[PDB]
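Given as structure tokens, the chain that follows is alone and in the form solved without the named molecule.
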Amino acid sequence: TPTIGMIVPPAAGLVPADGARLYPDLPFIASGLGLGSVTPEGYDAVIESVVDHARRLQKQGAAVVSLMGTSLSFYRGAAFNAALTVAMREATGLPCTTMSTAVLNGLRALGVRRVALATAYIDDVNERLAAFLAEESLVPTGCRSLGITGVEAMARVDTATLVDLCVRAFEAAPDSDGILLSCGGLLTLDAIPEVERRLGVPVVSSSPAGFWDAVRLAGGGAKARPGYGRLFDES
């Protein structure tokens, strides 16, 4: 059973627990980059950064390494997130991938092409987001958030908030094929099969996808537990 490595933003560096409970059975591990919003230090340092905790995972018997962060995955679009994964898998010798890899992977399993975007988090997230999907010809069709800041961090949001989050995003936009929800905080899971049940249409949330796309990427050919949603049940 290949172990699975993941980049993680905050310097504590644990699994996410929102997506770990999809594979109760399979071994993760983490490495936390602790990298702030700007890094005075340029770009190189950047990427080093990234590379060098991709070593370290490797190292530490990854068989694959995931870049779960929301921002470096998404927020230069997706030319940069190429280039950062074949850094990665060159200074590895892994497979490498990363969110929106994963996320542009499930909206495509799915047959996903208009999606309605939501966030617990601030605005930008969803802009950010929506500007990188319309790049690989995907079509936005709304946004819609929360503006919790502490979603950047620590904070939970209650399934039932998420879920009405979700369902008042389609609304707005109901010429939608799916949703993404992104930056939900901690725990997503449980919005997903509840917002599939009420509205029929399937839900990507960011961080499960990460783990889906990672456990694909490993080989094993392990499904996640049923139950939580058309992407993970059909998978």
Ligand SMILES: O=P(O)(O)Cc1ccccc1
Contents of the next structure:
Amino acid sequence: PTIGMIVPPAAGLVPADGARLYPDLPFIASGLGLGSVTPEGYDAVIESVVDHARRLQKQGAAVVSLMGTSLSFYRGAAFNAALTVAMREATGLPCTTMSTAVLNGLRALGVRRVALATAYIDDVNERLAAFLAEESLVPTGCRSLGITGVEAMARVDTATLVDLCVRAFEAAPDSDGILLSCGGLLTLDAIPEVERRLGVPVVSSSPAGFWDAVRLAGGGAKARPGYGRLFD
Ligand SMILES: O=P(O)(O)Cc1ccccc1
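Coords for the form deposited with the named molecule bound, given the form solved without the named molecule:
Below: every chain and molecule of the assembly, starting with the one above.
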């Protein structure tokens, strides 16, 4: 089934991980035009999420994921659930969000104490921690990049991402796993290196978004190897 994705950047591309994780699967995307990875930024596009879900339905999507973590967590857990209900009601399609994806990924891996490694400024990190706590997880510490650029996220390199995850875990080595948050990051080469070095799993925004959306679509598709314990 064709999977539709609402993505933060204006360009509206399918996030790059899809072709690596699931080369055989069809994805389509619609771009919100988010201007900054900040609460003020989210407020300027959040009301258009329902319309973009409908656009994707009109293009033949059979499920829709809102592929933005902070866009979906910044107002707390209830709003993540409510926005999902709104999308479903507007389209009659199964819908999900990237915040739901990462929650599901951490749960699937049995992660309760979670170290945070993020691209964000601290206001956004505080909101992430509050969301996770509402959902019965225990954030243990946090290291972050403090980036507000949207398209800028794709340019953070692998070595930077590995170092970020390692530093986050170093701060709390009793953690069960690591949440690497920001769906604009290109994390697929970082994940196996971090898991190799540390011995704990990483749940990363974009790959968890794909994993969750493919689960939602129901076909039982398996990801290509080398992308983390989440993919078996
Ligand atoms: O995962 P988040 O918090 O929505 C940030 C993001 C998502 C996609 C592209 C750029 C930035």
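Residue numbers count along the first chain shown, from 1. Think of the rigid core as the biggest set of C-alphas that the two forms share within 1.5 Å after superposition.
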Report the residue, chosen from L84, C143, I148, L104, for which the CA moves 2 Å or more between these two forms after the rigid core is overlaid. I148
Do you see a C-alpha shift of 2 Å or more at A120 between these two forms, with the core held fixed? yes
Rigid core fit then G178 CA moved by 2 Å or more between these two forms: no
